[PDB]
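Student: With the hints as constraints, model all of the structure from the sequences given.
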Amino acid sequence: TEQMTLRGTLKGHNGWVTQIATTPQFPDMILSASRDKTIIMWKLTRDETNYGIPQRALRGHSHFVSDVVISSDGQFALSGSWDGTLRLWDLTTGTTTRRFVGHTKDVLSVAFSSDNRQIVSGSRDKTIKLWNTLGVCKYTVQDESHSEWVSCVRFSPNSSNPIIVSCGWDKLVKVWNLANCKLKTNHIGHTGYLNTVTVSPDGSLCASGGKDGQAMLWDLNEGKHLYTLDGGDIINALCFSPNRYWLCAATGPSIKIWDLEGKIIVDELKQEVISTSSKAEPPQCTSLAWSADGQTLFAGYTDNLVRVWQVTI
Amino acid sequence: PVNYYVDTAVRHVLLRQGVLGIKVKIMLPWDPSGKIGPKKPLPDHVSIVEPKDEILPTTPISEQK
Numbered sequence: 002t003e004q005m006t007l008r009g010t011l012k013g014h015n016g017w018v019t020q021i022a023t024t025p026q027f028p029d030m031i032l033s034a035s036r037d038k039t040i041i042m043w044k045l046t047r048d049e050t051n052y053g054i055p056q057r058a059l060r061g062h063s064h065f066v067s068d069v070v071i072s073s074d075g076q077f078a079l080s081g082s083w084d085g086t087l088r089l090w091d092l093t094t095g096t097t098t099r100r101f102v103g104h105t106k107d108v109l110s111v112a113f114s115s116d117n118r119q120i121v122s123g124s125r126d127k128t129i130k131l132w133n134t135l136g137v138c139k140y141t142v143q144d145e146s147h148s149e150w151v152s153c154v155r156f157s158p159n160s161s162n163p164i165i166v167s168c169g170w171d172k173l174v175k176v177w178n179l180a181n182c183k184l185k186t187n188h189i190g191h192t193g194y195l196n197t198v199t200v201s202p203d204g205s206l207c208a209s210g211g212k213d214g215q216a217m218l219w220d221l222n223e224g225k226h227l228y229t230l231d232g233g234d235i236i237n238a239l240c241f242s243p244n245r246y247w248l249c250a251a252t253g254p255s256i257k258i259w260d261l262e263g264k265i266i267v268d269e270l271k272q273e274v275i276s277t278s279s280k281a282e283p284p285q286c287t288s289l290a291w292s293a294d295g296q297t298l299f300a301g302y303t304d305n306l307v308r309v310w311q312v313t314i
Numbered sequence: 163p164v165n166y167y168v169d170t171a172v173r174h175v176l177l178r179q180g181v182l183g184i185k186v187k188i189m190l191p192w193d194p195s196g197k198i199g200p201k202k203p204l205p206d207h208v209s210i211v212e213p214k215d216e217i218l219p220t221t222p223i224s225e226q227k
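Residue numbers (the entry's author numbering), protein chains in the order written: chain g, 2 to 314; chain F, 163 to 227.
Note that these hints are calculated values from the structure, not bench results.
Please note that the accuracy of each hint is not assured.
Claimed, not checked - FRET-style restraints, in silico, Cβ to Cβ: (1) 57/g - 218/F: 39 to 49 Å; (2) 214/F - 224/g: 29 to 39 Å; (3) 225/g - 218/F: 17 to 27 Å; (4) 54/g - 198/F: 52 to 62 Å; (5) 115/g - 215/F: 52 to 62 Å; (6) 222/F - 2/g: 27 to 37 Å; (7) 187/F - 138/g: 47 to 57 Å; (8) 138/g - 204/F: 36 to 46 Å; (9) 3/g - 221/F: 30 to 40 Å; (10) 58/g - 190/F: 46 to 56 Å.
In this text, a Cβ means the ideal position worked out from N, Cα and C, and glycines have one as well.
Tutor: Rendered as structure tokens:
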């Protein structure tokens, strides 16, 4: 039966792992961000003595790098940072193409479109904003926006239509359609602020979570509240699987991998159980991302490590 | 704060027997706003200016716009 083994663990950071992402073009790369103010591009050897080595280290920020995302070609890479700026990397030696100037506060969330021509940003400005790849502002959203910090935005894969998700700490999830830039809907739910949201690879769903730590499911186009599940104390990051209908929820002491059909927990990932006391005996898990193979998944922790796992039958 | 939030004056006044010294020291009150003249923070104990809001009535629903 499909179950999990502890694969290995990476090392090479002085700051807490904030995000991880992986391009399906090169699954032999993997990319990471951290509060050591650098994004590290790795070189994955599949030896079990290690599991990878840092290839290069991209440098140049004056505050944390919150979120990071790959290009659809894997030849570019983009970052959002708490210095209020973004950078557009050339992931071959270094040498930033462009830095995006204009925010008054942190840039928390960021995402990179499928056509590689639209780039969004969530900010503690309380503004979602759109960005040309030339590094200028196609649009700015300041009407019908969140009344609190913007937690996470997403581009939605679709048949062709433009839809983007937005969720803030005002305990609401707003869906936006481009070329009118209007509220498609407002979804109400979750007591306490929202941390994260993520969209299905098919794109008709929004799995949302927050302080509540409950996983509520919404319909993108039907606009209906499907159901709610108790996901534990707090869920900081979510990521669907590419080759299954699972959903992997990142809670503090454990990662909870959920089968969706039927609705049940498959397993709970436990890491090293080393004796420590008392407030967070293991480090909290904060980010996670699947590989495109779907065999292996990765995790971000606050001990500066990325723990690897692998599915075993 | 002594440079901002107080003004001080000295004036000598004569009489038929010697001199008398007058001194007046007065403390400026503005902290909410305006002119703006003296700066908005409080001088001696620098206070934390604290607004308040706190409500929730949320329940799950979908409301289409």
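Student: That 17 to 27 Å hint for residue 225/g and residue 218/F (C-beta), does it hold up?
Tutor: holds (23 Å)
Student: Would you say the C-beta atoms of residue 3/g and residue 221/F sit inside 30 to 40 Å of each other?
Tutor: holds (37 Å)
Student: Take the C-beta atom of residue 115/g and the C-beta atom of residue 215/F, compute their distance, and say whether it sits inside 52 to 62 Å.
Tutor: violated (39 Å)
Student: For the range 52 to 62 Å, tell me whether the beta carbons of residue 54/g and residue 198/F fit it or not.
Tutor: Hint holds: Cβ distance 58 Å, inside 52 to 62 Å.
Student: Is it true that the C-beta distance of residue 58/g to residue 190/F lies inside 46 to 56 Å, as the hint says?
Tutor: Holds, since residue 58/g and residue 190/F (Cβ atoms, about 54 Å apart) stay within the stated range.
Student: Could you tell me whether the CB distance from residue 214/F to residue 224/g stays inside 29 to 39 Å?
Tutor: holds (34 Å)
Student: Residue 187/F and residue 138/g, beta-carbon distance inside 47 to 57 Å?
Tutor: holds (54 Å)
Student: Kindly confirm whether 27 to 37 Å is satisfied by the beta carbon distance between residue 222/F and residue 2/g.
Tutor: holds (34 Å)
Student: So does residue 57/g sit 39 to 49 Å from residue 218/F, Cβ to Cβ?
Tutor: Since residue 57/g and residue 218/F have Cβ atoms about 47 Å apart, the given range 39 to 49 Å holds.
Student: Does the beta carbon distance between residue 138/g and residue 204/F stay inside 36 to 46 Å, or does it fall outside?
Tutor: Once the Cβ atoms are compared, 40 Å apart, the range 36 to 46 Å for residue 204/F and residue 138/g holds.
Hint 5 alone, counting from the list given before, is not met by this structure.
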